[PDB]
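Spelled out from the first residue to the last, the chains are:
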Amino acid sequence: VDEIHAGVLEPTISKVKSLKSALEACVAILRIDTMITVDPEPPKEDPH
Amino acid sequence: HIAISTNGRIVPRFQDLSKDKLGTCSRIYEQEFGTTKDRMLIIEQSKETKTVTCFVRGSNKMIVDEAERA
Amino acid sequence: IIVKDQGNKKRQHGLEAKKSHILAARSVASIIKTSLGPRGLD
Amino acid sequence: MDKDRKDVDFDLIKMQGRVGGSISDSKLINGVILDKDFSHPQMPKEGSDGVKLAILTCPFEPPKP
Ligand SMILES: Nc1ncnc2c1ncn2[C@@H]1O[C@@H](COP(=O)(O)OP(=O)(O)O)[C@@H](O)[C@H]1O
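Chains as they are written, first to last, in my numbering: chain A, 1 to 48; chain B, 1 to 70; chain C, 1 to 42; chain D, 1 to 65.
Note that these hints are calculated values from the structure, not bench results.
Idealized CB from N, CA, C, for every residue including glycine.
Just to be clear, a hint being listed does not mean it is correct.
Said to hold, decoys possible - Calculated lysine to any residue pairs in the SDA-like style (CA-CA distance at most 25 Å, straight line): (1) B:19 to D:39; (2) D:27 to D:43; (3) B:61 to C:41; (4) B:21 to B:48; (5) D:45 to D:31; (6) D:27 to B:29; (7) B:19 to D:38; (8) A:17 to B:68.
To be verified - Derived Cβ-Cβ restraints for the label pairs, each shown as a range: (9) A:31 to D:39: 36 to 44 Å; (10) C:31 to B:69: 15 to 23 Å; (11) A:40 to B:32: 31 to 39 Å; (12) A:26 to C:31: 22 to 30 Å; (13) C:9 to D:1: 42 to 50 Å; (14) D:39 to C:21: 29 to 37 Å; (15) C:21 to A:37: 23 to 31 Å; (16) C:16 to D:28: 32 to 40 Å.
With these hints in hand, go ahead and build the complete structure from the sequences.
Okay, structure coming up:
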């Protein structure tokens with residue numbers, strides 16, 4: 001059914017800012033091929 | 001940096017605050033539009049020369065610390 | 001001139017302890033080799 | 001370094017990034033930018049119509065020794 005004939009309507013801005021950022025996120029991860037993940041700082045747990 | 005930019009000399013102590021060290025400019029900007037609502041102070045324009053600045057933008061903060069790197 | 005008599009090596013640790021880093025170093029510059037040129041990745 | 005000839009050059013250029021937006025949003029500023037926000041209604045702001053700045057220095061509180 002024709003949407004304009006209906007109350008339904010979303011601001012153009014929303015359909016843009018969301019379409020655009022959805023891409024950058026995607027891209028940024030595409031460029032990824034290796035994730036070096038170094039451990040944090042452990043408790044001293046010193047035997048001495 | 002702030003000095004050589006806005007052409008305004010630094011003012012130390014209270015007695016001196018003279019009309020000499022005034023930074024001859026035409027407009028100060030404090031905008032908050034565009035995601036995110038967070039704002040940044042923009043200053044233009046100053047008669048002096050030799051200082052240039054650029055504001056980076058990107059989501060996740062990953063793209064900032066990388067567009068900056070790039 | 002050179003012949004049979006001479007003359008051993010006093011220690012061999014030198015040799016291998018050199019072939020060591022040559023590797024440990026290589027590996028780094030190896031797994032990083034993917035981010036060179038326009039078709040490199042982060 | 002233009003009209004100054006070739007030289008070893010250190011960057012006085014300042015690039016500050018706001019986490020909001022996409023790559024393209026970023027732009028050169030014809031002037032200066034500062035990370036610190038205004039005084040906000042602390043307090044009463046930008047931008048004084050025509051402006052005249054001041055690099056005020058030292059304390060500003062009630063005269064204390
Ligand atoms: N048009 C091109 N086609 C293929 N490779 C290129 C091209 N332009 C530059 N490169 C390669 O990429 C460069 C090296 O970049 P480098 O600082 O080592 O890491 P990165 O590639 O991530 O910037 C070049 O010197 C070159 O070997």
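Structure-based check of each hint:
Restraint check: the Cα-Cα separation between residue 19 of chain B and residue 39 of chain D comes to about 22 Å, which is no more than 25 Å; the hinted pair holds. Between residue 27 of chain D and residue 43 of chain D the CA atoms are separated by roughly 31 Å; this puts the pair beyond 25 Å, and the hint is violated. Proposed proximity of residue 61 of chain B and residue 41 of chain C is supported: the alpha carbons are some 18 Å apart, at most 25 Å. For the hint linking residue 21 of chain B to residue 48 of chain B, the alpha-carbon distance of about 13 Å falls within 25 Å, and the restraint holds.
Among the hinted pairs, residue 45 of chain D with residue 31 of chain D is consistent with the structure: their alpha-carbon atoms are about 19 Å apart, no more than 25 Å. For the suggested pair residue 27 of chain D and residue 29 of chain B, the alpha carbons sit about 15 Å apart, so the restraint of at most 25 Å is met. For the suggested pair residue 19 of chain B and residue 38 of chain D, the alpha carbons sit about 22 Å apart, so the restraint of at most 25 Å is met. For the hint linking residue 17 of chain A to residue 68 of chain B, the alpha-carbon distance of about 22 Å falls within 25 Å, and the restraint holds.
Checked against the hint of 36 to 44 Å, the C-beta distance between residue 31 of chain A and residue 39 of chain D comes to roughly 42 Å, which is consistent with it. Roughly 20 Å separates the CB atoms of residue 31 of chain C and residue 69 of chain B, a value that falls within the hinted 15 to 23 Å. The hinted window of 31 to 39 Å between residue 40 of chain A and residue 32 of chain B holds, with their beta carbons roughly 36 Å apart. Residue 26 of chain A and residue 31 of chain C have their C-beta atoms about 25 Å apart, which keeps the hinted 22 to 30 Å range intact.
For residue 9 of chain C and residue 1 of chain D, the hinted distance range of 42 to 50 Å is not satisfied, since their beta carbons lie about 57 Å from each other. Evaluation of the 29 to 37 Å hint for residue 39 of chain D and residue 21 of chain C yields a failure: the beta carbon distance comes to about 58 Å. Between residue 21 of chain C and residue 37 of chain A the Cβ separation comes to about 25 Å, which falls inside the hinted range of 23 to 31 Å. Between residue 16 of chain C and residue 28 of chain D the beta carbon distance is about 56 Å. The supplied range of 32 to 40 Å is therefore violated.
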